[PDB]
Amino acid sequence: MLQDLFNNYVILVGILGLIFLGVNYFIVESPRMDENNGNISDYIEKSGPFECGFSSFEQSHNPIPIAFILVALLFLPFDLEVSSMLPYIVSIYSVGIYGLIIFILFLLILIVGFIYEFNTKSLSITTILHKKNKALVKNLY
Amino acid sequence: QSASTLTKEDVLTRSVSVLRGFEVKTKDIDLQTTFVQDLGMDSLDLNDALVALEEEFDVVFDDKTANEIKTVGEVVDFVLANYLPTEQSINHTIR
Amino acid sequence: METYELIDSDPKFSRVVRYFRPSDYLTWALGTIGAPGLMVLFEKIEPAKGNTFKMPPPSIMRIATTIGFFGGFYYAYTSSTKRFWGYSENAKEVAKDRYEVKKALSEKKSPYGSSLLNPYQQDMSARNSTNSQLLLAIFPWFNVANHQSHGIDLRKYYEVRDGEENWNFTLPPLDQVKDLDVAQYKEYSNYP
Amino acid sequence: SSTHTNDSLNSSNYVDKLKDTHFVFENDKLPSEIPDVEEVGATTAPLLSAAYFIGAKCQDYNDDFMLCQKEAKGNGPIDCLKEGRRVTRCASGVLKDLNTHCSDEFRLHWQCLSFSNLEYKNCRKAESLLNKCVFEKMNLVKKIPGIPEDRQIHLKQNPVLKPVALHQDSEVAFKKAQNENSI
Amino acid sequence: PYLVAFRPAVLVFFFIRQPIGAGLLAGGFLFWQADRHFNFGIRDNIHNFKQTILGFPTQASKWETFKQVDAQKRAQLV
Amino acid sequence: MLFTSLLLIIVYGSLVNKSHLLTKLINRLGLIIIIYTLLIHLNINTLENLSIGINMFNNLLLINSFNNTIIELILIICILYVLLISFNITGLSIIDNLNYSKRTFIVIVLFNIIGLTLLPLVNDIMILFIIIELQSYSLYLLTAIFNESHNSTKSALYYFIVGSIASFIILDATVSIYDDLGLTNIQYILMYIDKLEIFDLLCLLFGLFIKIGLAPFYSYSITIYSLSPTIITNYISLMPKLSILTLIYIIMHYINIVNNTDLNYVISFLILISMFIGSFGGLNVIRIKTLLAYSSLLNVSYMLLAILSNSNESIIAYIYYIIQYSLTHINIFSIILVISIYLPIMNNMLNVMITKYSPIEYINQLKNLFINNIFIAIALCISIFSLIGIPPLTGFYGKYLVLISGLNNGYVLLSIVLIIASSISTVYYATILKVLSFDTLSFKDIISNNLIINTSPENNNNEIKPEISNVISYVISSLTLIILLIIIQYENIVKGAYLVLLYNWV
Amino acid sequence: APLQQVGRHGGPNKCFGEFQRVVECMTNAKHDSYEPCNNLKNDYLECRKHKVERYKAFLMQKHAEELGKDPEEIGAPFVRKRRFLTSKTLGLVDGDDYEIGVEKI
Amino acid sequence: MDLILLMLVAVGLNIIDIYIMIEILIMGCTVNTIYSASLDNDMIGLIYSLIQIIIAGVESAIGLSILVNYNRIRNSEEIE
Amino acid sequence: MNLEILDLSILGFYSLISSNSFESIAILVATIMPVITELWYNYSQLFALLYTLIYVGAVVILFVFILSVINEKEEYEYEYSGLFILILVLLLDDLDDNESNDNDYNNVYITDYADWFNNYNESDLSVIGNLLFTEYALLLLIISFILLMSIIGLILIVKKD
Ligand SMILES: CCCCCCCCCCCCCCCCCC(=O)OC[C@H](COP(=O)(O)OCCN)OC(=O)CCCCCCCCCCCCCCCCC
Ligand SMILES: CCCCCCCCCCCCCCCCCC(=O)OC[C@H](COP(=O)(O)OCCN)OC(=O)CCCCCCCCCCCCCCCCC
Ligand SMILES: CCCCCCCCCCCCCCCCCC(=O)OC[C@H](COP(=O)(O)OCCN)OC(=O)CCCCCCCCCCCCCCCCC
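Chains as they are written, first to last, in PDB author numbering: chain A, 1 to 141; chain T, 44 to 138; chain O, 1 to 192; chain X, 1 to 183; chain f, 2 to 79; chain N, 1 to 347, 365 to 523; chain e, 2 to 106; chain K, 1 to 80; chain J, 1 to 161.
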C-alpha cells in the first residue's frame, strides 16, 4: 500500500482552505472604495455582538447550566465499549465460538449498566422547575 | 479561607479616611463622632457617606440600620459583625 | 498433608455437577434456604427498624433465595472439584471416573470428547480455566470445553485395578482413539 | 495489512523521512564456495498463475526444503542452501515449460490477474483454458488439498462471487474453445 | 495525518497574530536545523558536555576503553 | 460469588422503591454475600495446598499461602464494616439514617472488595495496572458517595487527582520495564531480574507509596481522612493498606533477589521521614480523625520496616501486625461512632459547627466518657494502650515482632528511631486517655439532662432499655477482649504465622 | 505458559525463539543454578535492542576515522529517496536514471 | 530543564488544567508502549497500549463527574 | 527538515502563556494532533486512528464541561511573564532533547530481514483481537467490569436524587 498520492491530497486540502480566506481578503474592495466608514476594528457598532436589536447584559463568561450533563458523561463509558468491539470485528473467524461467547459475555456485562440507566431514569433531562397541581381543601368548622 | 480579617483599629482608620473626602465640618473623627451634629450632614449627605462607606468595606447596610445609625462607632461595629469575604471560584481555593 | 489420587486437574462443568454427592446437593439446598434464614436471623438478633420483630418483605425473601441459590451451588461446585484435584477423599469418584474412561477407550472415543476448538484454542481454554476454582468465590469461571490438558496420563487407565477385571473392557492403543493428539497429526505435523 | 516495518518499503516517503531510512545496496556476490544458481525471473502475476503447477511438479522438493528448515534447529538459512537450489531450479523448469508448451494460455491467465486485482475468482475462464492445456501437455493437475475433489472452488459451476468486469481476451478465447474443442 | 493539513493554517495565523513571537520560534527552529544540516556540531557538543558532567559513558569515554584494551592486548601478544 | 451476587444487587436496588428500610435490608444482603464468599473461599483454598503457589487465568494471577491469608483477612474485616451499615450504631434516626440514605453504598463496597482481593494476586504488569485502577476508582466513588456534602466531594476530587498521578507513575514504571525486556508476565520478568533496571521497580513502589499516604506524600491522606465522614474514613483509611502493603511485600520479595543496597537506602530514607512526621505531626492537632490519620501513617511505617527487611521473621511480623492493627482500627472507629450519643446539646463562644456526617470531630468531644459509659471508655483505653504498645496487648507483640525483623536484618538506625517515634507518639495517644478519665472525680457529682441520648423516648418506663444496640456493642466487646487477652492464645497464633510461606519451602 | 513476543501475523516474531530458549533453560530441572542460562538471556536482549552490535559498529566507524579511510570507500552504497531507486542503480541492462513511480501501486 | 520542575509552569491555574495534564502524562506512557511494541513486532505490547487507552478514558469520566458535582454544589440553591 | 520540532515548539510556547481554561483544552487538542500524525507515519497507523476515534469524543465532553464552570476569573486576572524570559526558558529546554544516553542505540541504524513463512497475512488489529478474546479474555471481561462500575459511579456522583 503506497500513500504518496494520499499525502499530496492532504497537502492540497490544507492549502485549499487558505485559498478561500486569501481570495476573500484580496477580492473585497477597500473601505475607501466603500462608504469609507474606516476599519472594522474601529466600527464598534458593527463588530459588537448581535442581540436582535437591543443590547443586553454581557454574560460571555457566566456559567451555563447543562441539563444533559449526565448523558454527556455517560457517553464516555459507552464510547469505550463501542471502541473495544473493533478487535472482534476483524478477528471474528479466528476466535471462533470461544471469542463469540467472550464477546457476548462482554456485552452481557455492559447491558447491566444499560438496565441500571433505564431504571434510574438518568437519561432524562433535569429541570429546576416542577409543575404540580395542588388540591384545594376547605377547613370547614 | 472564607473568614473576616478585619480589626477595630483598621476599620476605624479607613472609616475616617473615607469621611475626610467629604465636606465635613471637622477632620477630628472618632468612634463617638456623630454624623448629624459633629459632621454637619443632612439627609442626603449622610446617605452619600453611608454608601461611600459601603464601597470601602464591600458591605451593605440594611434599611433599619441605615435609618437609625447615629455615630461612626455604630458604623464600625456593623462592619466588624457583618463583613464577609466574597466567595471565590472553585479554582482559587483548591489548586 | 491429606493427599489422594489426581483425577482431573481441570474437570469439565458437566463432570463436576454429575459427580455431586448427596451431601453436595444437601449443601446446595442449605445455601439456597440459608440466605433467607440469615435475613430472618438478622432481624431476630436486631430488628431493622423499631424494637419488635418484623418479617422482611417477600421481595427481599425472593432476591435472598436467588443469592443463596448461586451461593449454595458454588459451595457444592468447589467441594466436588477437590475430589477431581485429589485434595479430598475421592475413592468413589476415582472408581466412577475410571469406568467412564475405559468405556470411552473401548469404543475408540476420546475420554475428553470431540471439540469445536482447534488445537490452539483447546490449549488456550485449558490455561484460562485451570485452577480457576480457587477464585470461584470472587468471580465465576468454568471449564465448558473438551480440551486435552487434564494433567493425567491415559496409560494409567490400561492397568487393571481391583474390582475391574469383571468390567470386561478391551482397550485399543491410544494412537487408534479418535480426537486424541497422538492420533491426529498423521499427514502434517502442524495440522491435526 | 499495511503496517510499517524495518524490513521492506513503507507506505510513503514521510515515513522514510521520520525513520531516516537508507535503502542500502550490497555489491558483493555469494562466495565462490557456494554453487551459483539461476534466480526465478517471473513477476507477481505469472507466479500466482503458476502457483499450483509449481506445487504439483515440485512437491517433494518443496517439502524437502521446508523439512530441512525445521530440522536445522535455527540454522536454516545456512544449512539448507543445497535444498534451496533444488527448489529454484525445479520452479524455473515449470515456468520454462509454460513458455514452450502453453505460452498463449499462460500469458492469457496472468494478464487477466493483472487486469482483475490478482484475484483467482475473476479469471476462471482463462484459468480453465490454462488448466486444460497444462494437463494435456505436462500431466499436471491443480489440486486444493484438504477438501473433496468435487468441492474445489476453481471447479465450481455457478460461483456466488463473479468478476464485475469481463476480460475480453478471456471471453473470446473461451468461446473459441467451446465450439471447436467441444463439437 | 491531520497535522499535515493543519500546519499551513496555524503557521500563517501564528505570524499574523504574533509576528515577533513567531519569528523568534521560527528563527530558533531554523538555527538548530542549520546546525544539524551543516554538521556544525553545536548540539553534539552540548550533549557531550551533559554526559561528561553527569557521569554518563561518553563517546570519548567509550573510545578510551577500546584504546586501553587494544594497548593491553597488543602487549600480551608481543 | 462476589461478581455474580453484585450484578443481582445492582439490578434489584434499581427496581424496588427508594426507602431507608429497603436500603438497610439490601445492606444485610451484602453482608450475606460476603459471608458466603468467605465460606466458599475457605472451602477451596487451604494454606497447605497453596504453599507452592498456583497460577490462574493464563498465569495472569498467582495465589500462594501469603496471598491467601490477606484475602481471608480482607473478607473478615469487610464483614465487620458492613455490620456498621447493616445494623444500628446509635439507635437514633437523626444519626443512623445517613448510612441508609445511599443505596449504592453496598454496591460500591462490593466493587472495591473485588479489587482489594485480586490486587495481591497480580502476576502480570497489564493486569497490575487494570486491578490497581479498579481498586482506585472504587475508592473515589465511595469517597464521593455523599454527593450532597461539600467536604465529601472536595475530598474525592483531591483523592482522584493524587491517585491518578500515582497510577500514572505505576503505569510509567510498568511501561519502562516492558521497554527494557518486552515481557509482561512477572514470572518471565523474574528471569531477567539481574538484567533490568531495578530502580524502575522503585518507581513502581513510589506510586504504591503515594496510595498508602507514605511521606513525603502524607499530606493528602491526612486532609482526606479528616474531611470525609467517619463512616467513610473508617473504610478508606484501612482497606487500601490491606492490599497495597501485601503487594509491596511481594514486589520487595522480588527486589531482594538482586539485593540492591541503594534501593534499600531510598526506602529507608522514606521510612525515616514518615516516622518523624507521623510522631511530631499529631502532637498539635485538635481533630480526632486528624490524630488517627497521623497514627495510621506511623503504623504503616512500622510495617514497612518489616517489609523492607523481607525475611522469614518479616512474614511473621507483617501478618500478625496487619491483622491486629485492623482489629484495633475497627474497634476505635466503632467506639467513635457510638459515643456520639453522649454529646451535649446547646440550649456561643468559638462558633463551633458540627455536622451530621462527623458528629465526633474533636478530641475534647470525648470528655467525661468514663462517667457516661465506663465499659466503653475502658474499651477505648485498651485500644489506645494497644496502639501505644503496652504489653501484653496485641500492639506490643506487633512492635515486638517488627523489631525482631528490623534488628535481624541490620536496620539498627530504623529500629532505634521507631522506638523514639513510639515514645513521641505516646504523648498524643495519652491525650485521648486524659480527656476520657482525668476529670472523673470532679464531674462525678454533675447533672447531664442535655445529652443526645436523653432525647430518645422511653417505651413504658418499666422496660430495661439498653443505650446501645445489640450488634455494635457485641462487636466492640469481642474486639476489646481479643486485644486484651491475646496472651492466652499468642503462642498458637504465631505458630500459624510460621506456616505462612512465600516461596520459602526449605 | 502465556504467550509473549507475538508477531503482527499471530505467530512468533523474530525474538520469540530466543525467549523460548531462555524459558526452557530456566525451567529445566537438570540445572543447579541459573548461570548456564546467562548466555541465553544476553542473546534475547541482543535480539531486541542490538546494543552490542551497534557498539561494534561504533568502534569500526571510529577506527576508520583515525586511519583516514573515506566512509564512501569502505561503506555500502545507499539511496535516500525511494523515487530514485532507478533502474540504472538496480543494474538493469536498459536501465535509465528516470525516477520510478511510487505514487499509486 | 526538567529537574527544575519546568512542567509545573506549563500547567494552567485551573482544576480542569490539572485533569488535562494527567491525560497528557498517561498518553506519554501509551505512546512509549506503542514505540516499543512496534519495534519488537510484539502484539502483546499493542494489547497493553489499547488497555491503557480504555482505562485512561474511564479515569477521565470519573474525575469529570466529581468535578461536575463539585461545581453543582456551590450553585445548588436553585430557589428560582 | 523535521517539522515536528517546530510544531512542538509552538505548542510549548502557548503552554507557558495559557491563561483561561479554554486555552488549556486547546493545548490538549494541540497535543493529540502531533501524537496522531507522528503515529500515522513511522510506527503505527492503527493507533493513530484509534487515538482520533476515542480522544476526540473525550475532548467535546471536556469542552462542554468548561461552559458550565467559567466564572470570569481569568478574563481580568493579570499575568506578567515577559517575552524575553519565556524565549529563554524555551531555548534552554530545546538544548537537551536526548531522552536516552545510549549513543550507539540512537546513532546506529538497524534493518530487519523479511520472510515468506507467513502466507496468512492479516492486520495487527485482527491479531490483537485474536489474543484479547482468547489468551487475555479475563482482561477484556475485567475491563467491561470497570466500565460497568463507571456507569454506576457516574450516576451516583452526579444525579441529585
Ligand atoms: C548541558 C547541561 C545539562 C545539565 C543537566 C542537569 C541540569 C541541572 C540540574 C542540576 C544537576 C543536579 C542533577 C545532576 C544529576 C543527578 C545527580 C547524579 O546522578 O550525579 C551526577 C553528578 C556527577 O556524578 P559522578 O559521580 O561524577 O558520576 C557517576 C559515577 N557513578 O553528581 C552530582 O554531584 C550532581 C549534583 C547532585 C548533588 C547536588 C544536588 C543534591 C543536593 C541539593 C538538592 C536540592 C533539591 C532537593 C530536592 C529533594 C527532594 C526530595
Ligand atoms: C537526661 C534525660 C534526657 C531526656 C531527653 C533527651 C533528649 C533531649 C533533647 C534536647 C534538645 C531539645 C531541647 C532543647 C530544644 C529547645 C527548643 C527551643 O528552644 O525552641 C525551638 C527552636 C527554635 O527556637 P525558638 O522557637 O525561637 O525558641 C526561643 C529560643 N530562644 O527550634 C529549633 O531550632 C530546633 C531545631 C529545628 C528542629 C530540628 C528537628 C530535627 C530532628 C531533631 C531530633 C528529633 C529526632 C526524632 C527521632 C524520631 C523521629 C524520627
Ligand atoms: C487547524 C487550522 C485552523 C485553526 C488555526 C488556528 C491557529 C491558532 C493556533 C492553533 C493552535 C497552535 C498551538 C497553540 C495551542 C493553543 C493555544 C491557543 O489558545 O490558541 C492560540 C490563539 C492565539 O491567539 P493569542 O492571543 O496569541 O493567545 C491568547 C493569549 N492570551 O489563542 C486562542 O485562544 C485562539 C484559539 C482559536 C481556536 C483554536 C482552537 C485550537 C485549534 C487546534 C487545531 C490545530 C491543532 C494544533 C496544530 C498545531 C500544534 C502545535
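To be clear, the hints were calculated from the coordinates, so they are not data collected in a lab.
We put the CB at the ideal spot given by N, CA and C, even for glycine.
Treat each hint with caution, since some may be false.
Said to hold, decoys possible - For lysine-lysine, the following DSSO-like pairs were computed, each having C-alpha atoms within a straight-line distance of at most 27 Å:
id	chain 1	residue 1	chain 2	residue 2
1	O	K44	N	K416
2	J	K159	N	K18
3	X	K82	X	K132
Said to hold, decoys possible - Residues of chain N clear of chain A, computed beta-carbon distances all greater than 10 Å:
id	residue
4	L7
5	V11
6	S14
7	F402
8	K416
9	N425
10	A447
11	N477
12	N487
13	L502
14	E508
15	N521
Structure-based check of each hint:
1. O/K44 / N/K416: Answer violated: O/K44 to N/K416 is near 41 Å, above 27 Å.
2. J/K159 / N/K18: holds (14 Å)
3. X/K82 / X/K132: violated (34 Å)
4. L7: Given that some Cβ of chain A is not farther than 10 Å from that of N/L7, nearest at about 6 Å, it is violated.
5. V11: violated (6 Å)
6. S14: violated (4 Å)
7. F402: The assertion about N/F402 holds, with a minimum of 47 Å to chain A.
8. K416: With a cut-off of 10 Å, N/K416 remains clear of chain A, as the shortest Cβ separation is near 45 Å.
9. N425: holds (48 Å)
10. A447: holds (49 Å)
11. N477: holds (36 Å)
12. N487: holds (35 Å)
13. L502: Fine: 46 Å to the nearest Cβ keeps N/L502 off the interface.
14. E508: holds (48 Å)
15. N521: holds (38 Å)
Checked against the numbered hints given earlier, the structure breaks hints 1, 3, 4, 5 and 6 and satisfies all the rest.
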